[PDB]
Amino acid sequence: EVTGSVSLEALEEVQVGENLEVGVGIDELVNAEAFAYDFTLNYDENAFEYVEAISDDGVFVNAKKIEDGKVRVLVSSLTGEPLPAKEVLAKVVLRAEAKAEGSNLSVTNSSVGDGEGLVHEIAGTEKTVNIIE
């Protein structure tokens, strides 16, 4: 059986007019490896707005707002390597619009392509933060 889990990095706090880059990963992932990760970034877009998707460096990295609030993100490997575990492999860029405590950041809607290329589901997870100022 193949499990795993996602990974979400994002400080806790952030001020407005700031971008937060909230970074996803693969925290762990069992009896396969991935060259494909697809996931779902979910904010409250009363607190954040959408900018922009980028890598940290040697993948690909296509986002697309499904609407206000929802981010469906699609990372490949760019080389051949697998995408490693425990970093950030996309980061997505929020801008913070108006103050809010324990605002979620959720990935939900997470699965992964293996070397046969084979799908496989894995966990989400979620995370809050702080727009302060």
Contents of the next structure:
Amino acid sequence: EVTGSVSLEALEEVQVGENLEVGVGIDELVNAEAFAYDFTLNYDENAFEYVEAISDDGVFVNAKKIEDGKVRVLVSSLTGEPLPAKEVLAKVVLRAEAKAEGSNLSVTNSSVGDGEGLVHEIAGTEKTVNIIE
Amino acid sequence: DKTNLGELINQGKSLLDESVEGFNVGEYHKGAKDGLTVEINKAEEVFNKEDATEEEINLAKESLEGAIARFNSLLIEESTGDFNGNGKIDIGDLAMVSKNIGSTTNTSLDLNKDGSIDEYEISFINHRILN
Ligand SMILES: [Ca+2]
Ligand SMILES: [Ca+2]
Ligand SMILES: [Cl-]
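Can you give me the structure for the form deposited with its partner chain bound, which would complement the form deposited without its partner chain we have just seen?
Entire complex below, previous chain first.
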């Protein structure tokens, strides 16, 4: 029985014209190891625009916008070792475009693949961010 | 007699004329066209006049036929990259490539048939999933 959960970190407040790097990882994964990770970041397009997705060199990242406010991200290990937990694996770069209070950032539709190609769902998470003038 | 050797050379050139390299279904993996070109040129050398023996001509036909087979094997199909063979390409398939990075023994995961599993396969699977 596999369980797990997403990690999500970002600044709590940014100003219009400033980037917000939204760091996504795996908080916990029980009874499986993950060599790849598929998740969707949801945000308010009235508040932010999507710029790109970035990663540090032990991980390969590709992302594609699905619709305004919705970006799908794929993360895979380049190390020959599973993706570690408790580390930012990918950062989704948003850019603040307009003031907003309690703007929601949520990770949904999150799953991992193991070395044998088996897929497991993991629980999403959410946090809020303010955009000031 | 070089008729059949010339016919195989023309088959190869036709494959080149008609093919494009890329990540999409119906395209060929990066490098496929270069590889076939090297082999067509080998065959062309034997084809070109002089005192090529019937065994030289036969070896050339054999090698070029193998090259044509290799080229065709590099065609991207609907199911290319669906490794567990469960009818779709997803994060499990990407995970299999990742776990097997550096493998020289996984000759079903080696999509571009270059002898190892590396960032090519990673890039291919990422592209197919998202597009
Ligand atoms: Ca599959
Ligand atoms: Ca390869
Ligand atoms: Cl997703």
